[PDB]
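Asker: Keeping the supplied structure of chain B fixed, place chain A upon it in accordance with the hints.
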Amino acid sequence: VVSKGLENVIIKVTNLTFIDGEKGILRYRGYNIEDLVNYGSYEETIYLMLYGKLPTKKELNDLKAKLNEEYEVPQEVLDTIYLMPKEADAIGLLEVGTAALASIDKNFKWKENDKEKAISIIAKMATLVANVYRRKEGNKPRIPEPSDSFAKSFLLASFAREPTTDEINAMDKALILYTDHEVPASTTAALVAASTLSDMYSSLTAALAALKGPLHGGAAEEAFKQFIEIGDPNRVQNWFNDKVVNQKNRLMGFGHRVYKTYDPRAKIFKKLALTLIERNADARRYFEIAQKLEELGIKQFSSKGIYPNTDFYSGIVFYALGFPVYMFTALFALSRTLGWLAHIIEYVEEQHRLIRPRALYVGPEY
Amino acid sequence: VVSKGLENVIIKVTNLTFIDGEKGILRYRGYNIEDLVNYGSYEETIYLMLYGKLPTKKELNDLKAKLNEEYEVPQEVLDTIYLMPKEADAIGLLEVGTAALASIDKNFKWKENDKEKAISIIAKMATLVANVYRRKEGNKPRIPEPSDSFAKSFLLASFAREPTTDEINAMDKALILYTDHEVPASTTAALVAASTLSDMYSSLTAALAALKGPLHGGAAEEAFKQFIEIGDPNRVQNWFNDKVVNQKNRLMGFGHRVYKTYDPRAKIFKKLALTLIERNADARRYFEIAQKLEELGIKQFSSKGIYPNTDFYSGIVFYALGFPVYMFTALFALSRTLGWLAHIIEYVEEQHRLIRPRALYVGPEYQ
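Line by line, the protein sequences give chains B and A.
Residue 3 is where the first sequence starts when you use PDB author numbering, and the numbers rise one by one after that.
Residue 3 is where the second sequence starts when you use PDB author numbering, and the numbers rise one by one after that.
Bound conformation, chain B alone:
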């Protein structure tokens, strides 16, 4: 008898992420996310995830130097992306890019130096995401160059404009907030690839393969698309009364299968939206719309334990830095790449078992 969706099945133990949905607490190796965003950066979160402890000043410096040495990608990886249609789905192009890398990285060996490898993949993930954007906007490639931070190099490479401090911060916290959460289908499929001892690019490919589906990718998009549909802050009430109240639909970006309280990263994402809305007028138009909705939603649903989740405001942040709605999932993927690599290493390094489930034959035997 089928264990439907694997819902009640534990695929692995993890030392990586802990979520308390009663309280609304998210931790990475024991540290609350709020401490990480309040005092740290993406770089220190990478170190934590991969190596287990907070890095020394010299240990963090060393990570940062590896990252600076690894943004480059063989030209063939950029050429392939540019052979695909400009109109192609961002996640589909990420797929091709990661599959290409897989294929060029002949001579990889599990357990030799996994952590360093992962660091070089994070650096190259930045390069593809930047160029996936550029390629869909018709621009020539641009490769992240060394800088004081990973958020800065990525933004530099994307837009070719000197980002403001607030922009560097928004993108850096963004990266930490989405690093890991649960084991959705993208992590599962990565875990499945990795249990056959496949390379890390191939597991990311498989993770990206699952993320392309609409039941996994598009969360931020769909939430964000509500605001566009509203258009004007003055139309929120009629929209909410109609759609929500008496037609009984969902508030996309509300609710959660673990959180019974505000999502800890929705709190942080909103705050970052406030720091960037001054500069983009569309971004500010959607924040006022989104902020009117949230008050209407909390009055309506908090009594049933339904709160704004992380996708209600992360789109406004991304939109406010200049990324088009078609890149939200790919920005999620950039960030989630850290989580996925940690799960894979962790799996293969401490609790390796090939994955071979079973199907039950039904219908006639002869």
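Among these hints, one or two may not hold up.
[To be verified] As a list, the in silico BS3-like pairs of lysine-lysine whose alpha-carbon atoms are at most 30 Å apart:
{"#": "1", "chain 1": "A", "residue 1": "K55", "chain 2": "B", "residue 2": "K6"}
{"#": "2", "chain 1": "A", "residue 1": "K108", "chain 2": "B", "residue 2": "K227"}
{"#": "3", "chain 1": "B", "residue 1": "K117", "chain 2": "A", "residue 2": "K88"}
{"#": "4", "chain 1": "B", "residue 1": "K111", "chain 2": "A", "residue 2": "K245"}
{"#": "5", "chain 1": "B", "residue 1": "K227", "chain 2": "B", "residue 2": "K269"}
{"#": "6", "chain 1": "B", "residue 1": "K88", "chain 2": "A", "residue 2": "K227"}
{"#": "7", "chain 1": "A", "residue 1": "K6", "chain 2": "B", "residue 2": "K55"}
{"#": "8", "chain 1": "B", "residue 1": "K108", "chain 2": "A", "residue 2": "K227"}
{"#": "9", "chain 1": "B", "residue 1": "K6", "chain 2": "B", "residue 2": "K262"}
{"#": "10", "chain 1": "A", "residue 1": "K154", "chain 2": "B", "residue 2": "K6"}
{"#": "11", "chain 1": "B", "residue 1": "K142", "chain 2": "A", "residue 2": "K6"}
{"#": "12", "chain 1": "A", "residue 1": "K245", "chain 2": "B", "residue 2": "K113"}
{"#": "13", "chain 1": "B", "residue 1": "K142", "chain 2": "A", "residue 2": "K108"}
{"#": "14", "chain 1": "A", "residue 1": "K55", "chain 2": "A", "residue 2": "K111"}
{"#": "15", "chain 1": "B", "residue 1": "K250", "chain 2": "B", "residue 2": "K154"}
{"#": "16", "chain 1": "B", "residue 1": "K227", "chain 2": "A", "residue 2": "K111"}
{"#": "17", "chain 1": "B", "residue 1": "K68", "chain 2": "B", "residue 2": "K119"}
{"#": "18", "chain 1": "A", "residue 1": "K227", "chain 2": "B", "residue 2": "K113"}
{"#": "19", "chain 1": "B", "residue 1": "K301", "chain 2": "B", "residue 2": "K245"}
{"#": "20", "chain 1": "A", "residue 1": "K6", "chain 2": "B", "residue 2": "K117"}
{"#": "21", "chain 1": "A", "residue 1": "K154", "chain 2": "A", "residue 2": "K88"}
{"#": "22", "chain 1": "A", "residue 1": "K250", "chain 2": "B", "residue 2": "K113"}
{"#": "23", "chain 1": "A", "residue 1": "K111", "chain 2": "B", "residue 2": "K250"}
{"#": "24", "chain 1": "B", "residue 1": "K60", "chain 2": "B", "residue 2": "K119"}
{"#": "25", "chain 1": "B", "residue 1": "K88", "chain 2": "A", "residue 2": "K111"}
{"#": "26", "chain 1": "B", "residue 1": "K273", "chain 2": "B", "residue 2": "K154"}
{"#": "27", "chain 1": "A", "residue 1": "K55", "chain 2": "A", "residue 2": "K273"}
{"#": "28", "chain 1": "B", "residue 1": "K245", "chain 2": "B", "residue 2": "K269"}
{"#": "29", "chain 1": "B", "residue 1": "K294", "chain 2": "B", "residue 2": "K262"}
[Said to hold, decoys possible] Facing chain B, a subset of chain A residues (Cβ under 7 Å, in silico):
{"#": "30", "residue": "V3"}
{"#": "31", "residue": "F20"}
{"#": "32", "residue": "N251"}
{"#": "33", "residue": "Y363"}
[Claimed, not checked] Quick partial rundown of chain A residues pointing at chain B, CB under 8 Å, derived from the structure:
{"#": "34", "residue": "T16"}
{"#": "35", "residue": "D81"}
{"#": "36", "residue": "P216"}
Calculated from the structure, these hints are not laboratory results.
Ideal placement from N, C-alpha and C gives every residue a C-beta, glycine not left out.
Answerer: Then chain A, alone, in the frame of chain B:
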């Protein structure tokens, strides 16, 4: 509490493949392998797997026509494959090609025309496989042309040499024989992708990424490699006595999770190899090493319920048709693509659920 490897977990129910590991019975939709390799083609197996029954004579002819209309692949996919290193692993190159096709295919919708779409994918996989081979040997790309069969089409594309009945037959039976078997990491990864409703080319990319691990792909290559190590039939006993007997090595091509008898499709694989080794003097030499090694092996491990499995002979058929050792898992992938499509289709149309397993958080409460 953890279901290590997902071993005793029933991920889905299925009407596709039934295995009896005591009796050695392998059937597809109720039909024994023997009846299909004996009497029909790979095309008939495509129809049965996808539509659920045997094709009436014209049903099979339309499918055939459908295949024939679908070998062409956009030049960008081929350019992509030709942009990677010729020394790349072949599964890797396949992954690139399926990803390239997934992102070019912006017009896809589950539950509209799955079967027709799967048919169109099977044919493009033949082109992919044919051209991953050409690129690794350094030749210009060649696209399968319409013909009386898919095996004929594929061999022509591959070698650009007209194949023979025996050849067309061996390729075509190979395809039926590797179509489906259990739910390994490749099918599982295809299910996980399809559970989010990703596209079919993307689910294949997922399956192909998992297939590349050395713990899933490379089986037929490990069996055949042993024979090459031996070199000549006059050394079998020394090597056998050397490596296996006293040094307790693992005979490769022997052993099974489910079959504790001889693998049914190994039995047919051997026959197919007898059928083409006349032609290939190099094949026969390897076939003679193989046949003598099976003999000692069977003598050594039959009591343990360890008999030759399907990977012990397949390499010889593929080698006899002209494919190098590096194409082996790719040849399997070509075959198993059918099984992958039927499984995700069965899954999305009848048992659709999104996959979200649990992780159990052990690890610092609050550092």
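Asker: Are the hints correct? Go through all of them and say.
Answerer: Outcome of the hint check:
1. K55/A to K6/B: Given pair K55/A, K6/B holds - Cα atoms ~27 Å apart, limit 30 Å.
2. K108/A to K227/B: Between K108/A and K227/B the Cα gap is close to 20 Å, so the pair holds against 30 Å.
3. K117/B to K88/A: The given pair, whose Cα atoms are some 28 Å apart, holds under the 30 Å limit.
4. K111/B to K245/A: Holds, because 26 Å separates the two Cα atoms, which is no more than 30 Å.
5. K227/B to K269/B: Roughly 20 Å separates the two Cα atoms, so the pair holds.
6. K88/B to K227/A: Roughly 44 Å between the alpha carbons, so the hint for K88/B and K227/A is violated.
7. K6/A to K55/B: OK: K6/A and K55/B at ~27 Å, within 30 Å.
8. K108/B to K227/A: Holds, because 20 Å separates the two Cα atoms, which is no more than 30 Å.
9. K6/B to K262/B: Holds, because 24 Å separates the two Cα atoms, which is no more than 30 Å.
10. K154/A to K6/B: violated, 42 Å
11. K142/B to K6/A: Since the Cα atoms of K142/B and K6/A sit roughly 47 Å apart, the hinted pair is violated (cutoff 30 Å).
12. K245/A to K113/B: holds, 27 Å
13. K142/B to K108/A: With a Cα-Cα distance of about 23 Å, the restraint between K142/B and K108/A holds, given a limit of 30 Å.
14. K55/A to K111/A: holds, 24 Å
15. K250/B to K154/B: Outside the cut-off at roughly 43 Å; violated.
16. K227/B to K111/A: Cα-Cα ~21 Å, so holds.
17. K68/B to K119/B: Holds: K68/B and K119/B sit about 10 Å apart, inside 30 Å.
18. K227/A to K113/B: Roughly 25 Å separates the two Cα atoms, so the pair holds.
19. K301/B to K245/B: holds, 15 Å
20. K6/A to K117/B: Holds, because 24 Å separates the two Cα atoms, which is no more than 30 Å.
21. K154/A to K88/A: OK: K154/A and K88/A at ~26 Å, within 30 Å.
22. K250/A to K113/B: The given pair, whose Cα atoms are some 26 Å apart, holds under the 30 Å limit.
23. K111/A to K250/B: holds, 27 Å
24. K60/B to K119/B: Given pair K60/B, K119/B holds - Cα atoms ~19 Å apart, limit 30 Å.
25. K88/B to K111/A: holds, 20 Å
26. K273/B to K154/B: OK: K273/B and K154/B at ~20 Å, within 30 Å.
27. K55/A to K273/A: holds, 27 Å
28. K245/B to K269/B: holds, 25 Å
29. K294/B to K262/B: Holds, at roughly 21 Å.
30. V3: For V3/A, the interface hint holds, since the closest Cβ of chain B sits about 6 Å away, which is under 7 Å.
31. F20: Hint holds; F20/A Cβ to chain B Cβ min 4 Å, cut 7 Å.
32. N251: violated, 21 Å
33. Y363: holds, 5 Å
34. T16: Holds, about 4 Å.
35. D81: OK, holds: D81/A within 8 Å of chain B, min 6 Å.
36. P216: With a minimum Cβ separation of about 5 Å from chain B (threshold 8 Å), the hint on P216/A holds.
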